[PDB]
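Asker: Spelled out from the first residue to the last, the chains are:
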Amino acid sequence: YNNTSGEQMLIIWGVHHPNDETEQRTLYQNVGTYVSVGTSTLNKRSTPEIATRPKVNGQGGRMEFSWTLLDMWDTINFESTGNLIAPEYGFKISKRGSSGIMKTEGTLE
Amino acid sequence: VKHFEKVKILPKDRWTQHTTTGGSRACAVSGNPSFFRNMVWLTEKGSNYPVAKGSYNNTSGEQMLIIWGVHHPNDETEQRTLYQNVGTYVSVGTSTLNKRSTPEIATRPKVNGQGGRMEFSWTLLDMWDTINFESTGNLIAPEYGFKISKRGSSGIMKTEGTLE
Ligand SMILES: *[C@@H]1O[C@H](CO)[C@@H](O[C@@H]2O[C@H](CO)[C@@H](O)[C@H](O)[C@H]2NC(C)=O)[C@H](O)[C@H]1NC(C)=O
Ligand SMILES: *[C@@H]1O[C@H](CO)[C@@H](O)[C@H](O)[C@H]1NC(C)=O
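Residue numbers (PDB author numbering), protein chains in the order written: chain C, 168 to 263, 263A, 264 to 275; chain E, 115 to 116, 116A to 116C, 117 to 123, 125 to 263, 263A, 264 to 275.
No lab work stands behind these hints: they were computed from the structure.
Every residue, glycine too, gets a C-beta built ideally from N, C-alpha and C.
Certain hints may be false.
Interface residues of chain E toward chain C, partial, derived using beta-carbon atoms under 7 Å [unchecked claim]:
#, residue
1, 205
2, 207
3, 213
4, 220
5, 242
6, 244
7, 246
List time: in silico DSBU-like cross-link candidates among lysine-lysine, alpha-carbon distance up to 30 Å [claimed, not checked]:
#, chain 1, residue 1, chain 2, residue 2
8, E, 165, E, 211
9, C, 211, C, 259
10, E, 259, E, 211
11, C, 262, C, 211
12, E, 116, E, 123
13, E, 259, E, 119
14, E, 157, E, 211
15, E, 123, C, 222
16, C, 222, E, 211
17, E, 119, E, 262
18, E, 222, E, 116
19, E, 157, E, 119
20, E, 211, E, 123
21, E, 117, E, 211
22, C, 222, E, 119
23, C, 222, E, 117
24, C, 211, C, 222
25, E, 165, C, 222
26, E, 116, E, 259
27, C, 211, E, 211
28, C, 222, E, 259
Start from the sequences and build out the full structure, keeping to the hints where you can.
Answerer: Rendered as C-alpha cells:
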C-alpha cells in the first residue's frame, strides 16, 4: 500500500502462534513459515512460535500484534508464507492536538 | 521484596526422562565440578533425547519468581554429545508469557576456558497461572522458584564492607 491519504496512517498487523504442528499444518498447510512487513523506516521478520501454553479463552494458541505509523507517500509491504493476520484497514490522522486517556469506570453526563 | 520462600515446583527425581547429573569445570568447588543448586541441566538417556515437558500451577497464595536458562554450545560435537539432536529449541509459556529460543552454536573466546555460554530469562508467575516447559534440547530448568513472603520497602545497598 502506497500512502496517498495526506497524513500519517497508523497500521496494525498480526502473527499466529499455534499450540501444535497439527494446527500449523491444518491451517497453513506447511511449516517454516514467516511473516514479513516493511516500510521505508521499517523491516521486520517474524517466525511463528508453536508451543504448548495454558488455555486462555479456551486457547493455547495466541496472536502477537504489531503496529507502525506510516508516513505520507511511503509504501508498506506485506509478505508471508503463513500465520499472517493482515490489516484490512489502517487509520489516517484527521485531527491532532492536546488530548489524553483518562482511566475511569464512570460514564458521561 | 523483604522475604522469600523457596518452593520446589519441578523436583529432580520426578523427572524421569533425562540425566540430570551434569555440571562442569567452571562451577568446580576446590577442584570438584558442580552446578547451580537451584537448577537442573537436562541431558539425554541412551541415544534418546525425548520430549521434555513440564508444568506448574501455582497454589502458593503469593506470587513466584521463576528462572530458566538455555545452553549455547561452542561446537557442533559439543551439542551432539549432550542433546543428541541438532536444530533444538527451548519453549516456555504462561498466560501472559510466551517465549521460544533457538540455541546458538559458534566458536567464542575463552572466559574461564569456555566457548559454551548460558542465557537466563525469568518471569513472575501470578496467582493460579500455569507455567509450561517444552524442549528438544538445551534447556536449563528450575528445580524451585521463589514465593515472596514479605512484601515491603527495601533497597539493595552497594557496599564492600560488612554487617556489625
Ligand atoms: C507512491 O505513490 C505516490 C503517488 O501515487 C508517488 O508520488 C509520486 O512519485 C512520482 C515518481 O517519483 C513523481 O513523479 C510524482 O511527482 C510523485 N507525486 C507526489 C504527489 O509525491 C510516490 O513516489 C510513490 N512511492 C514511491 C516509493 O515511489
Ligand atoms: C490451579 O489450581 C487452582 C485451584 O483451584 C485452580 O483454580 C486453577 O484453575 C488451576 N489451574 C489449572 C491448570 O486449571
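Asker: State for each hint whether it applies.
Answerer: Each hint, compared with the structure:
Interface restraint check for residue 205 of chain E: the shortest CB-CB distance to chain C comes to about 4 Å, inside 7 Å, so the restraint holds. This hint holds: residue 207 of chain E has a C-beta 6 Å from the nearest C-beta of chain C, less than the 7 Å allowed. The criterion of a C-beta within 7 Å of any C-beta in chain C is not met by residue 213 of chain E, whose closest approach is roughly 10 Å, and the hint is violated. The restraint placing residue 220 of chain E at the interface with chain C is violated, with a minimum CB-CB distance near 24 Å, outside the 7 Å limit.
For residue 242 of chain E, the shortest C-beta to C-beta distance to chain C is roughly 4 Å, which falls under 7 Å, so the interface hint holds. Because the closest C-beta pair between residue 244 of chain E and chain C is about 5 Å apart, less than 7 Å, the hint holds. Here the hint on residue 246 of chain E is kept, as its CB sits about 6 Å from the closest CB of chain C, short of 7 Å. At roughly 15 Å between alpha-carbon atoms, residue 165 of chain E and residue 211 of chain E fall within 30 Å of each other, so this suggested pair holds.
At most 30 Å may separate the alpha-carbon atoms for a hinted pair to count; residue 211 of chain C and residue 259 of chain C meet this at roughly 22 Å. A distance of roughly 22 Å separates the Cα atoms of residue 259 of chain E and residue 211 of chain E; the hinted pair therefore holds under the 30 Å criterion. Between the alpha carbons of residue 262 of chain C and residue 211 of chain C the distance comes to roughly 29 Å, so the proposed pair stays at or under 30 Å and holds. Between the alpha carbons of residue 116 of chain E and residue 123 of chain E the distance comes to roughly 28 Å, so the proposed pair stays at or under 30 Å and holds.
Distance hint between residue 259 of chain E and residue 119 of chain E is fulfilled; the C-alpha atoms sit about 10 Å from each other, no more than 30 Å. With a C-alpha separation of about 26 Å, the suggested pair residue 157 of chain E and residue 211 of chain E falls inside the 30 Å cut-off, and the hint holds. Among the hinted pairs, residue 123 of chain E with residue 222 of chain C is consistent with the structure: their alpha-carbon atoms are about 27 Å apart, no more than 30 Å. Pair hint residue 222 of chain C plus residue 211 of chain E holds up; C-alpha atoms about 16 Å apart against a cutoff of 30 Å.
Straight-line distance between C-alpha atoms of residue 119 of chain E and residue 262 of chain E comes to about 19 Å, which keeps the hinted pair within the 30 Å bound. With a CA separation close to 38 Å, the supplied pair residue 222 of chain E and residue 116 of chain E exceeds the 30 Å bound. For the hint pairing residue 157 of chain E with residue 119 of chain E, the CA-to-CA distance comes to about 24 Å; that is within 30 Å, so the pair holds. The suggested pairing of residue 211 of chain E with residue 123 of chain E holds, with an alpha-carbon distance near 23 Å, which does not exceed 30 Å.
Pair hint residue 117 of chain E plus residue 211 of chain E holds up; C-alpha atoms about 24 Å apart against a cutoff of 30 Å. Distance hint between residue 222 of chain C and residue 119 of chain E is fulfilled; the C-alpha atoms sit about 24 Å from each other, no more than 30 Å. With a C-alpha separation of about 27 Å, the suggested pairing of residue 222 of chain C with residue 117 of chain E holds against the 30 Å cut-off. A distance of roughly 28 Å separates the Cα atoms of residue 211 of chain C and residue 222 of chain C; the hinted pair therefore holds under the 30 Å criterion.
Our distance criterion of 30 Å between C-alpha atoms is met by residue 165 of chain E and residue 222 of chain C, whose separation comes to about 16 Å. For the hint pairing residue 116 of chain E with residue 259 of chain E, the CA-to-CA distance comes to about 11 Å; that is within 30 Å, so the pair holds. Of the pairs offered as hints, the one joining residue 211 of chain C and residue 211 of chain E holds, with about 18 Å between alpha carbons and a cut-off of 30 Å not exceeded. Pair hint residue 222 of chain C plus residue 259 of chain E holds up; C-alpha atoms about 24 Å apart against a cutoff of 30 Å.
The structure shown violates the earlier hints numbered 3, 4, 18.
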